[PDB]
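For this view, one protein chain was removed and the others were kept in their places.
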């Protein structure tokens, strides 16, 4: 785990939406911003993610778009 | 215009690395957090992205991974 | 917002496959073309998508591939 | 060449922007709809993509978003 | 297709879900790849366990990591 992703943003898990195969984690990344992650449940279990846990959203730059207010 | 991205990370553009086809924008997203977004140069112009401009990081929830410490 | 995507293809919503966590929306963009988008169900509700709703599919250019016969 | 992508949209290429590493191709998919695909320049040659050629936009469903308003 | 990464392997497991599924390919050499895809897509391709298929992954979506 040294990854090419510059976007490795730290926060605490606030919610986990549990499903059959995929679920949704909710991290408080700090500053009143929150990130949501659709990931496989195999991994949500494997990594030991429960509510209040410490993890990072790890996002590759080419998957981030940009928007403005016009 | 209201989209499926719950991940709308609002921040101020800090840098733009310009390339032939795509470039790399940087928002200072707050909380000491910084995001990198590789996108087309054409898009960077049409939105009017310069340093210190207000924009949002738009990240699809299925593009977010989770990592933890070791 | 606007969004940096050149690929903002407008069409009419024809179907919603409802799931436990995600769903599948399908828009008719015209010319015999349809696009499907798997998104979280909570967002399907947040965007207010009903059958027959008018919308745009939003695809990042670096997310589109090209293939040939 | 059968593939998991639901979106395999046929069209004619109208422009190609060449770059050092990647390029951007643009397809006329019909109906006043056009999709652009940022891909590697290496792959653009291997398929033989020049202007007006027949190809498909291939978009994985989990890569498509939806918009309104 | 424009993806240089078209890695052939044999389907080892398929986890089925309401809308999505996960296929797992053993592409050879102690390597295994998993693909989260729609059930519409898993059924249409006729993917049974052990059938011969390819994992096809876009270059700009692959990251690189090392260990210290």
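Chains here go by letter, A, B, C, D and E, matching the order in which they are written, and residues are numbered from 1 within each.
The rule we apply is simple: contacts are C-beta pairs under 8 Å (C-beta built on N, C-alpha and C of every residue); 3 or more make two chains touch, one makes a residue touch a chain.
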item	value
Contact partner of the left-out chain, one of B:4, B:33, B:36 or B:43	B:36
Per the touch definition above, residue among D:22, D:33 or D:37 touching the missing chain	D:22
Sole residue of A:27, A:39, A:64 or A:66 that reaches the chain not shown, by the stated touch rule	A:39
Residues in subunit D touching the chain absent from view	1-5, 20-22, 40, 42, 60, 62-63
Hidden partner chain, residues of subunit A it touches	1-6, 37-40, 42-44, 47, 58, 61-62
Residues belonging to subunit B that touch the chain removed from view	17-20, 22-24, 36, 38, 62-63, 65-70
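The criterion applied here is as follows: only the chains that are shown with their structure count from here on.
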item	value
Centre-of-Cα separation between subunit E and subunit B, whole angstrom	29
Whole-Å gap separating subunit A and subunit B, where each centre is the average of the chain's CA atoms	16
CA centroid of subunit D to CA centroid of subunit E, Å	22
Interface hub residues of subunit E, defined as touching at least two other chains	1-3, 17-18, 20, 36, 38, 40, 60
